[PDB]
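The form deposited without 2-oxoglutaric acid (AKG) is given below as one chain in structure tokens.
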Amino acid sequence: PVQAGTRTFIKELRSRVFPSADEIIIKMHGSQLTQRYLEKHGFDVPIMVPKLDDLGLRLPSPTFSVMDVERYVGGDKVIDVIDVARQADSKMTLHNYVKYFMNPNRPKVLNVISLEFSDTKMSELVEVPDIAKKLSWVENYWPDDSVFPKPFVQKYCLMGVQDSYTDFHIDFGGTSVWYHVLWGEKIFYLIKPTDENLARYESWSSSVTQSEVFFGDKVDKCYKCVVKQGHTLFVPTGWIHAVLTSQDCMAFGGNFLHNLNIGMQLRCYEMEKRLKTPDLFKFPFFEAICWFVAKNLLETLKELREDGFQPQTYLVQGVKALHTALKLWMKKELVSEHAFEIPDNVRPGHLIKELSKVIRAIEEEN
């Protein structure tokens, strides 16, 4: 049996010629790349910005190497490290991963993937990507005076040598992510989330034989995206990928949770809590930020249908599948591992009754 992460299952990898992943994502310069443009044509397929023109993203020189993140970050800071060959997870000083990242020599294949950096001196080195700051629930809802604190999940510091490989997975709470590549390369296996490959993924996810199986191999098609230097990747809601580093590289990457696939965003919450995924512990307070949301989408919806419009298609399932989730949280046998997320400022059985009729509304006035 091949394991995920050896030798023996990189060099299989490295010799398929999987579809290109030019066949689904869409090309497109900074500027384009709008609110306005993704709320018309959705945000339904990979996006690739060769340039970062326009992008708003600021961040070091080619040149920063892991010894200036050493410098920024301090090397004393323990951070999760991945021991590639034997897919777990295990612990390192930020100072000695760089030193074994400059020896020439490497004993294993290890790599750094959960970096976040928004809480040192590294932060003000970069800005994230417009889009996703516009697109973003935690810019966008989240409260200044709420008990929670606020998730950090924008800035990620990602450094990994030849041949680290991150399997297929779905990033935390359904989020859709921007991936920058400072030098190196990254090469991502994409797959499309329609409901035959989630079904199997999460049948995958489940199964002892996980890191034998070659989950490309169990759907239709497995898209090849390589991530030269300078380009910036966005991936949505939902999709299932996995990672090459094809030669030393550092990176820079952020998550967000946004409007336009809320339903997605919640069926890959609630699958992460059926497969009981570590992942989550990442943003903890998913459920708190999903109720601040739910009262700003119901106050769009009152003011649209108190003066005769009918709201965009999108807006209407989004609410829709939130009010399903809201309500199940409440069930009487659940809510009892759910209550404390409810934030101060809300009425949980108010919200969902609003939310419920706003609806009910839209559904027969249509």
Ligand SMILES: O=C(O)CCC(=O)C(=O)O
Given for the second form:
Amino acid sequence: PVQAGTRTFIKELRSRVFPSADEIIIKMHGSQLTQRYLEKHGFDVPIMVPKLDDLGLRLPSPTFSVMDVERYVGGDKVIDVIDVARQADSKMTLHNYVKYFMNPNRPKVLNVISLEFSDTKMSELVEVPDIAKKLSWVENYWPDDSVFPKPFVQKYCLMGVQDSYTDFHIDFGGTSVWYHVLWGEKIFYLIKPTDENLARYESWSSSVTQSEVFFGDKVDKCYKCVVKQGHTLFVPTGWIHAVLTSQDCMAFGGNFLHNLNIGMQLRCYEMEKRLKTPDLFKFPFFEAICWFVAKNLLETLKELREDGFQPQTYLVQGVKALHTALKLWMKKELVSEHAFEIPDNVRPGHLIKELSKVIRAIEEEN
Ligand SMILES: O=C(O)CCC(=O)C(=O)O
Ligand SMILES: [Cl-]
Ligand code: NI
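Starting from the form deposited without 2-oxoglutaric acid (AKG), produce the coordinates for the form deposited with 2-oxoglutaric acid (AKG) bound.
What follows is the whole complex; the chain from before opens it.
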């Protein structure tokens, strides 16, 4: 049995020719990637931005080394590290990983994909794509006065050696991402969130054979997307993807929720609940933000109805979806474990009704 992350498994991965991600991804320039665009055409396929022009993406020169990270962040920090051959989580000092990295003669393949650096000297050196900041629920709807700490998941630094591999997952909470390769090369394997595929993914995720079964074989199309130095990949809600670090690589990235695919975001959250994913501890107060969002989304639909206007499709879909999930989390039987995410401001039962009544009309009123 070929085990994931092992050199044998890597020979096969490097051998398969996959349908090109050119079949589905949209290439565009910095300046085309706007809220306006995405509201009209949707954000349902990865968007590749070959040049970083007009993204608002500010980051270190292409020479920024693993050693420079160690400085700005602090070698003392204890970071998560993947033993790729074992597909398990390890810990070590940033200082050591840099030693391990800096030396050829790597006795094993070790990846760093989760090193969030907002609260460090290094943060000053990085500004995320304007588009991620424009869409992000944290940027738009997180009150300056809640008890829940603000999630910091916008600035990640990724260092990985050749043959680092991450297996097929859906990002925590169903968040979208951007990734930028500073040097080296990453290769994403991408799988559309059809229902066939999601379901198959939940199955595979809770099969004990998971690490012996390449989930790419289980779906009709698994798209290969090679992200080279200086390019910028944007992956939308729910997309199932694996990643291969084909060359020693440093990348930057960030995660964010937004209003476009609220339904898929919820589906993904409720699925990660079912699977008990530790990933979900990176966005602990997903539910809280959802409440804050339903407030704002309600207000917008109230303004459109009070003036005879018709709301865009994605807003009706999303609101209906929020409504279903707030209602679920409030059921008397489930309510004991959701109640703590209920922000002090919002009024659970009231809000849910105001949503119910708004969603009637729109339906019938259309
Ligand atoms: O580059 C990697 O190995 C994985 C990137 C990614 O998909 C993640 O960390 O969530
Ligand atoms: Cl967000
Ligand atoms: Ni990912």
